Amino acid sequence: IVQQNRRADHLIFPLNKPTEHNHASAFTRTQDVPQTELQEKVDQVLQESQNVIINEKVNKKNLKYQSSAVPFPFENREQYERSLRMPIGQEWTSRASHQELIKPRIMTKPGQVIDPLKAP
Amino acid sequence: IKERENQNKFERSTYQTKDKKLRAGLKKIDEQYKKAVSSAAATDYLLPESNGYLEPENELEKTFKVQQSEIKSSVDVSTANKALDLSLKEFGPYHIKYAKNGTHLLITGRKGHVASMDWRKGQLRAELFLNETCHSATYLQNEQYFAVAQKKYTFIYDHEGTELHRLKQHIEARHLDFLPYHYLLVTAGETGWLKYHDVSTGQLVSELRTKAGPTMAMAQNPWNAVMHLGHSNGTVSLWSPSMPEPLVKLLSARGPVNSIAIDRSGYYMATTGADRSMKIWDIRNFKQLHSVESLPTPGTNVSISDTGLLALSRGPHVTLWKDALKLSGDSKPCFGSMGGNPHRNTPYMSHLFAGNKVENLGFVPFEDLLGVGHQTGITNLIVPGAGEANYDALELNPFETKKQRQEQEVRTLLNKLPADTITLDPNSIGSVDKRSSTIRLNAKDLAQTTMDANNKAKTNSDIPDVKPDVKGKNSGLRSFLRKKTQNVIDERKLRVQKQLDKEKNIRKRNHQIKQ
Amino acid sequence: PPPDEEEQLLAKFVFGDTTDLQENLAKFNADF
Amino acid sequence: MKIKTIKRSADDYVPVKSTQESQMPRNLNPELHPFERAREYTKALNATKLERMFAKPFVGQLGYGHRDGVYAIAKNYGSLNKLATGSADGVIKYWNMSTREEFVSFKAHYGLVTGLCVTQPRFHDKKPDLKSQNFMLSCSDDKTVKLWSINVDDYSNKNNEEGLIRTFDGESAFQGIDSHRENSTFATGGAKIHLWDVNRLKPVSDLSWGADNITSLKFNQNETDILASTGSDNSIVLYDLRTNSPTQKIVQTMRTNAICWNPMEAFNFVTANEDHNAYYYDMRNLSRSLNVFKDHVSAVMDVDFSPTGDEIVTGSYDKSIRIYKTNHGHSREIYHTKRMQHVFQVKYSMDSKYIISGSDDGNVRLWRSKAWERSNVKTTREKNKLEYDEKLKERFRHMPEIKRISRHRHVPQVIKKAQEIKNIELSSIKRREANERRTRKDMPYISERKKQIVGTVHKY
Amino acid sequence: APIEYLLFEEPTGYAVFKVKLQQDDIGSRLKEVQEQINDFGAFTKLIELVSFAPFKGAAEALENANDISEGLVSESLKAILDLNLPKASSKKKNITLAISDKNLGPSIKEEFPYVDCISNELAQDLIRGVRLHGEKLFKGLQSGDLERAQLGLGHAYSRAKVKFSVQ
Amino acid sequence: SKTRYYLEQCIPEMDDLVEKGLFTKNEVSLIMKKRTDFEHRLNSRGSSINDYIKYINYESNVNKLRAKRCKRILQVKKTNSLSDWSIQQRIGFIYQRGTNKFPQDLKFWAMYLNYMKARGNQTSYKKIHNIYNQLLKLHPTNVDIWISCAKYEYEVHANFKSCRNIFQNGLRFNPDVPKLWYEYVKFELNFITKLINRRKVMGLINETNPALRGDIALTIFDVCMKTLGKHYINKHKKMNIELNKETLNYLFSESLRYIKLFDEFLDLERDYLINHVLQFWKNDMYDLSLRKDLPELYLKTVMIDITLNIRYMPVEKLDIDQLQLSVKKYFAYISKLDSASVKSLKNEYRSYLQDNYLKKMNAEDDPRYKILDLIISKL
RNA sequence: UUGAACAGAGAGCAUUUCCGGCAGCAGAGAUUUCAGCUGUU
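Protein chains in written order, with our numbering: chain A, 1029 to 1148; chain B, 772 to 1286; chain C, 7 to 38; chain D, -3 to 456; chain E, 4 to 170; chain F, 595 to 973.
Incorrect hints may appear among the rest.
Far from chain D, some chain E residues (derived; all Cβ distances over 12 Å) [unchecked claim]:
no., residue
1, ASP42
2, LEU52
3, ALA68
4, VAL118
5, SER122
6, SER146
Estimated spans, in silico, between C-beta atoms of each pair [claimed, not checked]:
no., chain 1, residue 1, chain 2, residue 2, range
7, A, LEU1074, D, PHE263, 34 to 40 Å
8, B, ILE1210, D, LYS334, 46 to 52 Å
9, C, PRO8, A, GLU1048, 37 to 43 Å
10, E, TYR160, F, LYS937, 54 to 60 Å
11, A, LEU1074, E, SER92, 44 to 50 Å
Everything labelled a hint here was simulated from the structure, so no lab data went into it. Ideal Cβ placement from N, Cα and C applies to all residues, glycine included.
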């Protein structure tokens, strides 16, 4: 379960499944005891019943907009630059895709106690 | 993730691991990329409008024979009224500019009559009689501010027409432009200096010395905000504010470059020169596709519409070509089909302003209209298939209100792009530095590299290895000892001299043994 | 096979075309 | 000749009714949207600057504080807003953090309140009313462990006794206390570790490994039968109650001050150390640590996990609090104040939104876990804007000036000078080790996660 | 405990709301969470109307007003809380119900043993928000002019307590 | 925004429709333009329930066109694809959104319920129960929704326990409405009649009890009288005596209409039910004597008993002994009552006996009809 | 702590059961529709 939770893409707390009770309905009486005189009486009766020149100089003002090296989790530049391939923005993506991309990993209810997880 | 027909324009380019976390993360990244691209291409069902067209039914029907009166009678009344004609005989000729929404029009006479209007409403925002020579005008981020290139200095006016600024640093500018994401007003002119001014803060960002005399032409690349200037020597130069020298020099024409246009995708550029030559270039790969030679008269202006129509104005004429920007030689614009050859690209349309001269051209944004400025004012020609039918309301809204304009101003101001981000390739932001290592080096590998660098001096790998097979004429040790300074004597040069002597002795011994 | 009259009525409503309305406008002159 | 143009009906773009919003036609063609990378980069940089503007972490202090420094802090694992604090004058207060005021204060002990925990007692004869009353155990140097009941106003189901229920009396002083998460049992440190029961007036069992004192205890949250303890002989000893025995012992270079178990992983725990570091450990293999958290200057006095298990919080003797992600070996955030002094207890709220710290000055303080976040409920547009900003910051965190702005904190001058002194000392040790590696042809390369361990009792 | 349901006593009837989101309590004294009560775009994210049982008449309105003032539970309150609240266990995991009046809690607890009544400051904030916004949250299910119902009920309550005699 | 999300959810259906031969891409574009208009109207400000109704009508006609197109081109009644249920799912979702936004529009609630009942095979009894649960919580004081809930459960599922529970909860919320009491009595009489006829069916296939008697309906009747009287008094609260007399007169009309329901129920023991209701009205009510308080109603009840002694029997098969017993009871009542009351009761009895037998049978045709004419002349 | 009987909820999981083909009969509803039965596939 801990490896499943580690490699899970999204964790929505409470991860423990809360106990669920019978929904309140008009089709059944919840008390299981007659609470009205009518119910009492009815139940009672029922019970008893060159061209191109290109500048090769290094644009030194541009280097603040580039990475200094390949960063940690990726081991090479091809992987790192593939991580930046598609924009997250609503201008460049569909609405559902934008929501999916901006969806965070750890999500919690705003005012509830988070518990240690139970054993399955 | 079904494959789709229109997926190609939504595809993005990019410049076997043992790690399991990295493998799963890269698999998730690829899956999200494919899903996002397919779901973006799936939204073409939600496009509300379709582009216009002009199709001939018979073999005798030619599209260039169709007249503006016939088009105005055929099309609906709203577009017929949008095609407007203004007769302004006194202060001509008129250079015209449209807002990026296309809801406002800014005309500028040579004799100082500068007007800003809501052309579709018929409402005049501003009207100035400067009694002075005026060459160009442009709108700033809204219709609320506009810049006029007057006789010597460039002036900035508000919506009502009051002078806000007189830019002493911008001298004798003939060409004005605005980069709407960088808030940069770009001026070029008679001095041969390209100047970028920040209109939000008021600080002049760049002064670049073109060193090629007065600039004959100027266009912006809307894809990457690189300015294409045309000089009298026949070269188009590509400029970025962060570099003092041009990024690219293209030898386009023999004589002066009359005009430059760049398409919306930023992939194609058309130039006209004084040598009666119109050339269509690929920008990203910097080859030329087409070179129409010997036009009847030199083309004064080129414009390129959002759909990809190419408009050429030479004196009184305006001719438009459709699908002329493609790679194939069948797409080369021509004037006549020699006996009805279908491979020849005869003009999509033509119009003649008899007794007139076209001053400048501009396609109305998101409208099937081409505005022409000329000696007596402005005309709009109806061109089916010219403007982009489906706009995006987040970027540019033709039906924008006052509060939407007010919010969009602050939004764009907050997301103003710094001028140093302008490059030839817009996908350079976020990349690894080119001098940096392709693979990541950790502590162990960096320590191993440091140990190798320390042991290189002991192993003598710094100096070139002795090669007896290579002749002493081209030997690397000989070139090293020649390139080093003669007076200064160092240990490295001493070792190089000893190794060169040893290699020369070995080569002499081998030559003596052979002989 | 050709469409049924019910199918064409449904097509007119669903696709929202006004060809019948323009035809009636062209046809309507000096009826009364 | 077919002539067809763009015709736009005004009804599809300008609404007829005044009350209706305008339509937003959208075209996802990238030609209409240039400058993807630069535009998203500028949005992300503005998000980092906005985070730096909105970083206002201090929520506020609890009450008027204790008369003396706060040395024991225990949260209620069942209730979100309740806390128990105990100071060096023997005074123990139960706190409601919602109103920031105390339910009750007790002059509990005569010595220092060495340990405090919040319990749910389970007696044989009777069932306590846990909806109306809360319970806490304390242990001190006056050789006593005491149980207390506090009246609580959370529910209004009805229209008793606050104070001492039962006193557990021991032979020597007690140094820490913790209670079992599903039983009635609890353990106290001191000279020997004793497993007690609330129904018995004397210890149920003695779990001590040899003749050494034990400073702090912690029960596992998931595998509730596991215990861990810290000793003054630089030792961490695990215990299992099913076998009723001290499981394993590890000896490190310096004494560990506090232990916290992962809420989400039954077999991981963090130890605060006098190394100025904290160490993340796997119970199954104690020959190496999973992670080393290295940013503090003086001895780390307390450690607590987030309830989600993603983050830890450390409070140290250098008068600062530091928050760590479990992935990275360096801190994400530092909290300090001129009024704050040596921090001996940090706890992380059950909401995982707040951090509670008790200091030598006697004040208990509430901080935000994330300084830029706010506690209002967000509308849909605001929530999406904040999530997009977080994802964009995560995407472009690797950039130079985004990193430059993001890593910036104002740090006290003492902490900054001590950081540069430790940097110089570490560089000196690095050159000495380089000289030793130059001298010796074959020297072993020992891992940073291996360096702190002197040994283990049971070899692997 | 988190609040699951909320009971509001209108002059015109009883209303039961479901608490969709919990307002945080440790920072419940903060400026943000105290202004989210006033703002309607944020309070709607917290609470949503499940049920509304209107009173039959002015006499029943007065009778229920007297019962609420005394702290008693009427047949109308029993009916609405029986229809809406789910049947839970008395021993563990009761249903939490937010009440404005603390004295009403024991009566509801005796009628429904599976209900824990909460009347702390957090529930008071929620009930204050419901009273503040009022007719907006009822989605037009209100059938009578609530202000005039209030005015008449206040007059009837005062006359009934004073025992006003027209003779 | 929400409009964009809903349109992108509409996308896979058009993928399926384009994948089949059913719809052209331009036709899909026109349909999505109309859907864009409707979704913008729903998700914007200033919306109405009429926008929901128009959008549901549009999607219904789209489904009809899709069905015709699938019949015509592919020659199959339905494809096995997404598109045959997706419009139905969308219409249900529009109904759900509309009922959530404007819960007070009972016509829209009825349209939702009718649509979900009509698509019977695809829907679920769970879904219908959930819609009833939401609606009954939102409008607990609407009697017709309780009646419709009980009716759906009785004819579709034949769930007598659920029907009884629905009627009991509805009467808990609406004890002052006579209509719900009437429908409860009608349901219980229907249930016991179905039980009686089921036992008779068993007794004819092969080769007592108060439930079969009707005492459940009688107890519901008595509780109805007490509760309706109390709530009528509470609504309208010497003058108190006049109000009590008016309340008794008001309850008398509901009792007589229950008598008419009993007369409609031919299979049940009509004589037993009429005996019970006249026993109740013989018992005094509202602290006043019934006969002294309402002599007109007392004479009406006496004439009703005297007539219904033989009115259950047909005129063609009428018993002369039973008619003579009824006439003797009428004579005893006339002797007990005042002279004007006796004359009015005699006139009413003569008119009832005339309309029963004299028009049906001739004096020449039946020898007993001459004796009946003589008795009518005597009366 | 477990078992049994009872009353349930719609609120989870599984299905290697059946039904969303056709023909025919018959009933009901508002000429069509609806589920059902009998065959067949």
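When the hints from earlier in the document are held up against this structure, which numbers fail?
The structure conflicts with hints 1, 4, 5, 7, 9 and 11, although it agrees with all the remaining ones.
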